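Undergrad: Listed below, chain by chain, are the residues.
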Amino acid sequence: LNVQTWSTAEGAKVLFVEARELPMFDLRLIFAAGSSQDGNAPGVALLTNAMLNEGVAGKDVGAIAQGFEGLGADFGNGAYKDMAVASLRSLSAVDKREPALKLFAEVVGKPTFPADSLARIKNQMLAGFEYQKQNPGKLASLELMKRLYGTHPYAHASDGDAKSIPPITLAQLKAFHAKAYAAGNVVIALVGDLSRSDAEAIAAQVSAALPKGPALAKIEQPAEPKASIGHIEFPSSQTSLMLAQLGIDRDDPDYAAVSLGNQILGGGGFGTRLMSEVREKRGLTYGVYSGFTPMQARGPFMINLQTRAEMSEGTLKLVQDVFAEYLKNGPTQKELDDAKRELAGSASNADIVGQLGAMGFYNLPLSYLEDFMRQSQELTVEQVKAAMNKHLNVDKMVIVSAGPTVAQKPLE
Amino acid sequence: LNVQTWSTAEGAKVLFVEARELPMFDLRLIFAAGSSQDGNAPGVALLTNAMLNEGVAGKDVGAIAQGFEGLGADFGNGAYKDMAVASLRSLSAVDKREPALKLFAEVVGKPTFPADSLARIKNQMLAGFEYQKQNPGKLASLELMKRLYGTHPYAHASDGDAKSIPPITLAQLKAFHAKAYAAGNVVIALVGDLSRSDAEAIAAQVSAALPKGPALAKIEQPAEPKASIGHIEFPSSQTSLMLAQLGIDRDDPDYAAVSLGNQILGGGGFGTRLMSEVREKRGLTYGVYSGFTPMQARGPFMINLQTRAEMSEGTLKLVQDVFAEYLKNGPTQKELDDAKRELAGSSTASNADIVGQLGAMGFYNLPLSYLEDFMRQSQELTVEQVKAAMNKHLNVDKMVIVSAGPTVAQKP
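Protein sequences appear in the order of chains B and A. When you line the first sequence up against the authors' numbering, it's residues 12 to 357, 363 to 428, in that order. When you line the second sequence up against the authors' numbering, it's residues 12 to 357, 361 to 426, in that order.
Derived from the structure by calculation, the hints contain no laboratory data. It cannot be assumed that every hint is accurate.
[What the hints assert, rightly or not] Cβ-Cβ distance ranges computed for the label pairs, FRET-style:
1) B:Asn405 x A:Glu244: 44 to 50 Å
2) A:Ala234 x B:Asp367: 50 to 56 Å
3) A:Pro110 x B:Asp262: 51 to 57 Å
4) A:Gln344 x B:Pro110: 49 to 55 Å
5) A:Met389 x B:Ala228: 53 to 59 Å
6) A:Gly161 x B:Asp367: 34 to 40 Å
7) B:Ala228 x A:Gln344: 31 to 37 Å
8) B:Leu137 x A:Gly22: 48 to 54 Å
9) B:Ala68 x A:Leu12: 29 to 35 Å
10) B:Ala68 x A:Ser18: 47 to 53 Å
11) B:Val72 x A:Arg131: 34 to 40 Å
Just so you know, even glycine gets a beta-carbon here, dropped at the ideal spot from N, CA and C.
Let the hints inform the model, and build the full structure from the sequences given.
TA: Written out as structure tokens, the structure reads:
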């Protein structure tokens, strides 16, 4: 496709793809306003993002939702470690998109942050922390990110904690919003039934409604953690196991190589090394997965699965052996091909706008999409093995288990 | 507003509301195909409903998904206790809705139940059962529904269990579908940018694509269970509390009165009696809710919350006292007005909200003027009428209580 890009007067990065198949369009705003920008107030980024559509001049939470619905539009939001998102899907018809866009602009650019909404959202978050202590996987991953990142901004939970949420004030949210939702801190992605002229108008309108400000400081790289094995005691006949170490950052040149290499190890299914060895041949789990989560700074590489508590010790060694062998010998030409073929089979405005968001946010080449498919079928078994060994090491894994401490049964 | 109704040549009940504001419409099919129809194969209803869009003649799961997406349409499905649904939201333009409806009819009326999809679904359902036992609330809920309904079809979990899922064959899914998804067993609800003639054609087309057959017989009423208290030992840190007894069936005349009474007792908000006493004044929980789940047969009335294990013994007594006190004196004028005001707020209804009500109207044989009657009646209820209704359907001596948590010393 023909990806077009430019910047607004306020400094926003714009990426656009014209798609006339459907009388609709997707607008996605990506801000460098993830939890990594939390500073001394864990949870403030997530709280700010969740509060956007709780109120604007003249409209309470209900009226805003009704506003979008009545116009045939869908609003979406979310906060993560690197970014925070605000999105709109709407009919392309001028009479529908105009009021939808002005409302969207008001919600993301001029939220009023109603006091009652804040109290309600905090309560939901506090209740959430309580339910979380009943989810082994959630506890294991939280522990795992702490051991992996230490004091780095990516270490703390995005939603903060019971201690940090209560003190957050409306003033802190307004201050964070003014700084992190600034035009110079955003990427405007558009895909749909629009001309480049309409796209420019839309992007400019959004950019002008946002608070004025420069981009925030980028996140530094984390220090490599030391290998370790932790355990979280939890009642259940099952045990959640997670293994991880630092992976790559989104802009790393070996992205295509490590992603294909990962597909073979623990991607979707039955065919992978892990699913066949752990699930297919031994029936020790209903699902085992592996994957990289590239961010601005080095993201984590993780392997996760659940098994019967009495088989956990044995299954862990098995996963470690499978991983060790894979890094040592790499993939077979047969696995690589099936991997490329599988990939060859994997677009809507939504899927595209999502990619444009990452392309602009991580400053990837305009040709990113094509470059990825192209680089990916070109890769040889030797390039994949080299890339995996360059970014992963068997002696760097941080392991966290969550389940009961019970007698262990060796694998049969 | 101006609900229109008729039946198709197959005996399907059709309900339609013309709404021309947006160039789209919502089609919802409600089948008497919930878990209550499981018989000797718990979970077959949910599995059949989940397999609908997994494949049709010459098309796999991904092909069907892209098919709807490329047309700007969304497919929806879900199975419950007394009903199973299949829905489609689509642009109204003929060039988009015609292809989308043909695909939709094929998906719901002629599913192929691919072998590889059934294995994938069973695998995730089996994984689901494992996750479930690590959840106190779910464990208490399953047990509570058992004590409440005994051998009644509503007692067992809709998704079946680890022992009932593996055995389910394609032959069973095929037979269940031919019986439960028969045209005579479905309600067709339509709302949107369509003329009555457009709607007639759409309904006739969907109805004709379904298997031919009559409506299934209605489920009998459950027996009044004896009051009892049960505890599920779970060494986790918080305690889950659930109280319940048989509520009303969906077409009960006091529906509006009990809905408003329940809203005041434990609906949404911090103003309810339960949230005020347990959370507001005592700070014993982050969320306590109560509610009726009216079904074809008597649905349950349930109250649920989570508290610190050491406060569970006292909190349960408090909730019971608050409940007794509420049935005894009824709601205050203030509570009644606030509730009516909240209800009123909560010609602005969207196609999705309307289509949902139309489906229930048709499935439960509610009066054609149900919508208008609900508003009128609700806004006119008196404290005396609400108190009478709640007392007519609930009794403090009939509560079945089930808690899940650790047995620890009480700190009150």
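Undergrad: Hint by hint, note whether the structure agrees.
TA: Comparing the hints with the structure gives:
no.	hint	verdict
1	B:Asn405 x A:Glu244: 44 to 50 Å	49 Å, holds
2	A:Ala234 x B:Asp367: 50 to 56 Å	52 Å, holds
3	A:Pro110 x B:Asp262: 51 to 57 Å	41 Å, violated
4	A:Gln344 x B:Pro110: 49 to 55 Å	40 Å, violated
5	A:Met389 x B:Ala228: 53 to 59 Å	54 Å, holds
6	A:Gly161 x B:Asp367: 34 to 40 Å	49 Å, violated
7	B:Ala228 x A:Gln344: 31 to 37 Å	57 Å, violated
8	B:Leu137 x A:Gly22: 48 to 54 Å	52 Å, holds
9	B:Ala68 x A:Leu12: 29 to 35 Å	31 Å, holds
10	B:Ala68 x A:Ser18: 47 to 53 Å	49 Å, holds
11	B:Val72 x A:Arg131: 34 to 40 Å	38 Å, holds
In terms of the numbered hints stated before, the structure departs from hints 3, 4, 6, 7, listed from lowest to highest.
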